[PDB]
Amino acid sequence: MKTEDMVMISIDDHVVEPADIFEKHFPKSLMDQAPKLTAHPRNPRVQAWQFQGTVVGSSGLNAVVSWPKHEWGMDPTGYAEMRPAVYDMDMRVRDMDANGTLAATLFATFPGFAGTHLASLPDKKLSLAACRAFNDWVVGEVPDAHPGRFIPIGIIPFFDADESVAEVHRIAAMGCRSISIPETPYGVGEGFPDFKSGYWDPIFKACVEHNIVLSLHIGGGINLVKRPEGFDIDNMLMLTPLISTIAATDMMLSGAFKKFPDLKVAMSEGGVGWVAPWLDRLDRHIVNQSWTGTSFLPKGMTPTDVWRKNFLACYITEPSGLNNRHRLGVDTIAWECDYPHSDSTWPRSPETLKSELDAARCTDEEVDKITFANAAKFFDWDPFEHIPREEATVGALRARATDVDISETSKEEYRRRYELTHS
Amino acid sequence: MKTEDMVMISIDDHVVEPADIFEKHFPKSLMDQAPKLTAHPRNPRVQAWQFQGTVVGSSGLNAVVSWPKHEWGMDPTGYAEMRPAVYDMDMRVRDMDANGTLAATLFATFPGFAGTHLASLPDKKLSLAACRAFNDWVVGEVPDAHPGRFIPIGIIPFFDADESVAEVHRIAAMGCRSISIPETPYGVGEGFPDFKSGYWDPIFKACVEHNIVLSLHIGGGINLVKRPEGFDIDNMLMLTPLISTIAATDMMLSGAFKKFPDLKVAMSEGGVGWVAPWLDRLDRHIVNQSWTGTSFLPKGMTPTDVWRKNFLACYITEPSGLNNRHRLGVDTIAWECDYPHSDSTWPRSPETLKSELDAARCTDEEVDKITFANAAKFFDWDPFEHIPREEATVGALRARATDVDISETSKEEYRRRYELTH
Ligand SMILES: [Mg+2]
Ligand SMILES: [Mn+2]
Ligand SMILES: [Mn+2]
Ligand SMILES: [Mn+2]
Ligand SMILES: [Mn+2]
Numbered sequence: 001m002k003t004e005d006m007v008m009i010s011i012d013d014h015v016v017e018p019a020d021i022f023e024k025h026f027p028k029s030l031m032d033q034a035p036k037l038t039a040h041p042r043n044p045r046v047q048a049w050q051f052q053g054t055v056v057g058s059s060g061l062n063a064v065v066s067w068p069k070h071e072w073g074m075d076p077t078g079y080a081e082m083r084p085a086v087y088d089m090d091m092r093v094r095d096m097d098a099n100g101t102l103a104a105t106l107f108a109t110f111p112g113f114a115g116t117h118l119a120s121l122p123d124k125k126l127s128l129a130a131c132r133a134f135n136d137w138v139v140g141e142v143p144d145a146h147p148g149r150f151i152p153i154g155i156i157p158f159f160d161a162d163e164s165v166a167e168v169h170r171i172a173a174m175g176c177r178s179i180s181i182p183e184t185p186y187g188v189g190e191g192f193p194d195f196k197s198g199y200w201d202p203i204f205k206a207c208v209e210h211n212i213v214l215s216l217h218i219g220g221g222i223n224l225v226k227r228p229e230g231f232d233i234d235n236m237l238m239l240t241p242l243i244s245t246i247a248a249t250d251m252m253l254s255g256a257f258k259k260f261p262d263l264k265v266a267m268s269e270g271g272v273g274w275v276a277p278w279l280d281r282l283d284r285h286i287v288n289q290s291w292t293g294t295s296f297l298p299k300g301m302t303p304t305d306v307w308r309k310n311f312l313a314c315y316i317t318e319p320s321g322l323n324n325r326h327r328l329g330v331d332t333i334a335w336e337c338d339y340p341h342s343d344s345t346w347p348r349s350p351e352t353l354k355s356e357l358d359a360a361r362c363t364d365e366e367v368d369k370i371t372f373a374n375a376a377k378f379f380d381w382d383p384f385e386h387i388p389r390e391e392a393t394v395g396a397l398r399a400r401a402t403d404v405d406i407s408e409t410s411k412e413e414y415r416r417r418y419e420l421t422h423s
Numbered sequence: 001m002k003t004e005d006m007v008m009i010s011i012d013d014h015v016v017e018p019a020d021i022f023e024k025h026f027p028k029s030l031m032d033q034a035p036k037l038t039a040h041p042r043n044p045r046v047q048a049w050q051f052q053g054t055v056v057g058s059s060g061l062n063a064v065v066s067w068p069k070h071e072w073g074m075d076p077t078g079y080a081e082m083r084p085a086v087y088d089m090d091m092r093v094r095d096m097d098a099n100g101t102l103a104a105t106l107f108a109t110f111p112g113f114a115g116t117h118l119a120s121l122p123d124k125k126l127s128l129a130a131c132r133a134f135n136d137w138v139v140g141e142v143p144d145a146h147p148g149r150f151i152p153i154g155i156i157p158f159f160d161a162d163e164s165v166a167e168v169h170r171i172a173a174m175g176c177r178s179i180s181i182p183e184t185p186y187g188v189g190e191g192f193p194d195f196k197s198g199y200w201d202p203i204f205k206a207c208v209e210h211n212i213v214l215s216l217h218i219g220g221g222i223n224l225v226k227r228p229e230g231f232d233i234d235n236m237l238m239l240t241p242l243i244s245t246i247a248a249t250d251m252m253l254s255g256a257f258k259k260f261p262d263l264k265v266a267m268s269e270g271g272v273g274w275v276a277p278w279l280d281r282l283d284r285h286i287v288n289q290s291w292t293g294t295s296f297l298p299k300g301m302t303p304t305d306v307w308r309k310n311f312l313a314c315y316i317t318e319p320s321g322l323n324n325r326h327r328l329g330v331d332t333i334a335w336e337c338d339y340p341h342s343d344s345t346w347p348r349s350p351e352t353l354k355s356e357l358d359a360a361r362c363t364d365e366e367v368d369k370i371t372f373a374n375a376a377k378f379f380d381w382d383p384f385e386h387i388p389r390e391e392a393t394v395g396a397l398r399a400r401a402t403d404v405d406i407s408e409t410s411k412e413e414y415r416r417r418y419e420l421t422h
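Taken in sequence, the protein lines are chains A and B.
Position 342 (the first sequence) corresponds to 342 in the deposited numbering; numbering is contiguous.
Position 384 (the second sequence) corresponds to 384 in the deposited numbering; numbering is contiguous.
Incorrect hints may appear among the rest.
[To be verified] Here are the computed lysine-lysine pairs in the BS3-like style, where the Cα-Cα straight-line distance is at most 27 Å:
#1 B:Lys226 / A:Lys226
#2 B:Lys196 / B:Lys309
#3 A:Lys309 / A:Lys299
#4 A:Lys69 / A:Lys205
#5 B:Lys124 / B:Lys205
#6 A:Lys69 / A:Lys28
#7 B:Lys309 / B:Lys258
#8 A:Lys196 / B:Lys69
#9 B:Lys196 / A:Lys69
#10 A:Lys259 / A:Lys299
#11 B:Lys205 / A:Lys259
#12 B:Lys259 / A:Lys226
#13 B:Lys377 / B:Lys258
#14 B:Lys205 / B:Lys377
#15 A:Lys226 / B:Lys196
#16 B:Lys309 / A:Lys258
#17 A:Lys299 / A:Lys196
#18 B:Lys259 / B:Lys69
#19 B:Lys124 / B:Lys69
#20 B:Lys69 / A:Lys258
#21 A:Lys226 / B:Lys258
#22 B:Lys299 / A:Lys69
#23 B:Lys299 / B:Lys259
#24 A:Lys299 / B:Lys377
#25 A:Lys69 / B:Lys377
#26 B:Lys226 / A:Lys196
#27 A:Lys69 / A:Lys196
#28 A:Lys125 / A:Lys69
Quick caveat, the hints were computed from the structure, so don't treat them as lab data.
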């Protein structure tokens with residue numbers, strides 16, 4: 001197979017919500033309490049969202065596409081500095097065309113990719129309104145404005161189980177395929193109930209009823225880990241995506257799959273390699289403990305069986321990861337772009353992934369599984385409903401974007417263009 | 001190769017120090033302050049070590065050898081309940097013969113396998129004395145009494161850098177090949193200095209001068225991870241050996257290999273599979289950050305280069321771990337028995353490992369590397385100085401031990417035998 005004939009669905013990307021999202025979707029009677037854009041306290045030159053006495057904005061590692069690498073950093077950033085495609089979905093699909101990406105899966109910024117910023121705030125009626133307004137935009141408006149380009153994923157008001165169940169039903173009917181939930185809830189704020197407590201069971205139940213995937217995105221497990229005093233960016237960047245073992249262990253040992261055997265879990269941005277040693281240890285534990293007469297799994301299943309039925313490993317780039325694909329089961333590995341994060345392979349995702357696939361001796365069947373078919377089955381999404389397959393390939397989408405400039409562009413030049421646009 | 005013809009060195013096992021260790025090795029002038037046996041406050045049926053107003057005993061997951069599985073647990077256990085081989089080194093070598101194990105590497109129980117129990121106590125003169133007495137026993141007496149069966153490994157009084165350097169030099173002269181140090185020092189107690197701070201540099205320097213390996217054994221990383229209030233033994237037991245990524249990242253990014261290019265680090269009981277995804281991310285980071293003109297690594301070296309020269313991955317059983325052996329470099333993977341821990345494969349270590357090696361299509365040369373030759377080279381230890389190779393194989397050692405009973409034996413029966421004896 002040629003690079004140009006790949007079909008690529010990404011099951012993990014990120015969106016910066018545009019400035020009018022709450023003007024358009026917050027309840028009118030609550031509008032004077034809606035999230036509003038203000039200058040960041042540490043950067044009058046960039047805006048951020050003020051909500052319930054808090055201000056939050058985008059990190060400068062999470063919207064870096066096309067920036068020179070020396071401009072990447074932890075400091076807050078904002079619309080003026082960003083390539084417009086990070087916040088303008090009309091421009092986003094053009095960047096996706098240029099990268100050969102058929103579909104993307106948009107994790108939230110302002111509410112938290114798992115909704116934890118809304119869950120941290122004291123007025124839960126206000127936080128609930130903000131959750132529903134966000135879902136109305138990212139689940140309803142965006143996928144319908146760009147049919148076939150976005151896999152609908154939302155968040156829930158997980159501080160309130162009954163309201164979370166209601167929201168699952170509500171966004172299921174809007175086409176929601178996944179909800180992003182905190183991967184290690186006991187690590188969030190003061191702590192929320194863990195998966196073993198039963199607190200999440202009505203949410204798990206409603207998701208199974210709608211075939212909705214739980215996306216457990218990295219970023220929670222790192223907050224569990226004590227570090228030495230001096231903040232080491234490089235150390236954090238190294239550990240943060242390599243410890244999905246914690247949340248996956250929690251979910252496996254919670255008994256969730258014995259109670260809900262059809263429950264689906266995607267370990268978003270977790271990579272591949274962590275799975276193999278973890279399954280080896282779990283598999284051996286179940287064998288060695290079979291004398292107890294019970295386990296956290298449905299009867300007659302090994303951990304590897306449950307991996308293959310209920311889990312999806314998700315990765316951007318990991319050349320050695322595919323050397324255990326037969327251990328895991330090749331059906332359980334899905335690619336992601338992670339646009340516009342520092343870890344994204346944009347705008348060379350096809351070439352970068354194809355080189356790894358070729359070095360791992362992937363067959364064409366395996367290429368298709370990893371680049372789109374595993375994700376499409378797991379998220380119950382038809383990639384060619386709105387865009388025929390011959391028009392959905394890397395080569396065909398790139399042919400629509402020969403005019404898209406993908407060269408390195410300073411955040412200062414985006415700012416100059418932004419200031420010209422808004423005067 | 002047949003099972004019987006393997007040669008097996010374990011670079012990670014554990015010892016339960018016997019009752020007379022401090023009677024024999026603690027300074028005579030301080031004997032009234034030595035650790036002394038007493039009833040364990042949480043289990044009066046077993047003894048435990050009292051030292052400086054604390055009492056610590058063995059865990060029932062760390063001396064399980066021959067017990068029925070339903071008897072394994074986190075309750076304290078003691079001499080009376082243990083198979084004698086766990087604390088009696090004359091019986092230990094017979095259990096090693098029965099398992100086909102040529103050599104073992106004995107991590108401590110009472111001081112902490114990295115000495116953190118001694119470091120937690122207020123009187124550091126007594127803690128230093130206990131450290132030196134333990135090293136005298138486990139580095140000096142035990143390997144001398146059983147030549148060729150134990151790779152000498154010690155601990156250090158790491159609460160004091162000057163005393164630690166002095167002790168490295170002292171135990172190096174006794175044949176020490178490794179020191180076990182806390183893998184994540186900032187998580188120990190209220191926190192000790194991390195590897196990046198430079199505090200450990202004179203210790204690293206002394207180790208390199210004697211070609212002594214740093215053993216970073218699992219168990220410290222888990223104490224960094226917040227858990228929910230509701231405890232799940234299984235959750236702890238599942239996570240504890242799978243997060244060696246933390247301490248390895250700390251050591252890699254500390255700059256220690258830039259300052260000490262020959263420093264050697266063994267990730268004891270850490271498994272294998274964590275390495276490949278971690279090296280992929282480190283290799284990528286160093287490529288993508290090369291514009292900075294700085295690195296935590298020596299010039300002209302990638303993270304994979306430093307892995308191959310400076311690290312050893314250590315594992316008991318991991319059927320899928322060898323599927324990235326060429327990624328890592330097959331010279332960097334070493335087997336371990338972890339006797340007498342719950343994770344040990346005793347008394348069928350050869351059979352269990354061989355099945356994994358065959359399934360991974362290992363060549364005879366790769367078999368020899370993983371079972372003994374990588375460890376022997378990494379720890380600069382000659383496996384055939386006292387025992388010729390022909391007499392050192394699984395089959396030859398097991399022929400020494402055909403009379404050794406290895407059947408399941410309840411801890412109540414060991415207690416019956418123990419109490420008759422005493
Ligand atoms: Mg139904
Ligand atoms: Mn992501
Ligand atoms: Mn990311
Ligand atoms: Mn061990
Ligand atoms: Mn162990």
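Now for the hints, and whether the structure bears them out:
1. B:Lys226 / A:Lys226: Within the cut-off at roughly 8 Å; holds.
2. B:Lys196 / B:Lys309: Given that 27 Å is the threshold and the Cα spacing comes to 20 Å, the pair holds.
3. A:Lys309 / A:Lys299: 14 Å, holds
4. A:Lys69 / A:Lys205: 44 Å, violated
5. B:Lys124 / B:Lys205: 23 Å, holds
6. A:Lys69 / A:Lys28: Judged against 27 Å, a Cα distance of about 42 Å means the pair is violated.
7. B:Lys309 / B:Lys258: 13 Å, holds
8. A:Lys196 / B:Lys69: Given pair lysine 196 of chain A, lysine 69 of chain B holds - Cα atoms ~25 Å apart, limit 27 Å.
9. B:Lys196 / A:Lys69: Holds, at roughly 25 Å.
10. A:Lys259 / A:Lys299: At roughly 11 Å apart (the allowed maximum being 27 Å), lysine 299 of chain A and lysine 259 of chain A satisfy the hint.
11. B:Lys205 / A:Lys259: 55 Å, violated
12. B:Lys259 / A:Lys226: 26 Å, holds
13. B:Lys377 / B:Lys258: 22 Å, holds
14. B:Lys205 / B:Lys377: 20 Å, holds
15. A:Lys226 / B:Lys196: 16 Å, holds
16. B:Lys309 / A:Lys258: 45 Å, violated
17. A:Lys299 / A:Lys196: Answer holds: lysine 299 of chain A to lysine 196 of chain A is near 18 Å, not above 27 Å.
18. B:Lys259 / B:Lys69: Violated, because 47 Å separates the two Cα atoms, which is more than 27 Å.
19. B:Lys124 / B:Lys69: The hint is violated at about 39 Å.
20. B:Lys69 / A:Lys258: 24 Å, holds
21. A:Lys226 / B:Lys258: 25 Å, holds
22. B:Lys299 / A:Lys69: 21 Å, holds
23. B:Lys299 / B:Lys259: 11 Å, holds
24. A:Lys299 / B:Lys377: Cα-Cα ~46 Å, so violated.
25. A:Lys69 / B:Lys377: 42 Å, violated
26. B:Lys226 / A:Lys196: 16 Å, holds
27. A:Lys69 / A:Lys196: Given that 27 Å is the threshold and the Cα spacing comes to 42 Å, the pair is violated.
28. A:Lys125 / A:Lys69: Outside the cut-off at roughly 41 Å; violated.
Violation of the numbered hints given earlier is confined to hints 4, 6, 11, 16, 18, 19, 24, 25, 27, 28; the remaining hints are satisfied by the structure.
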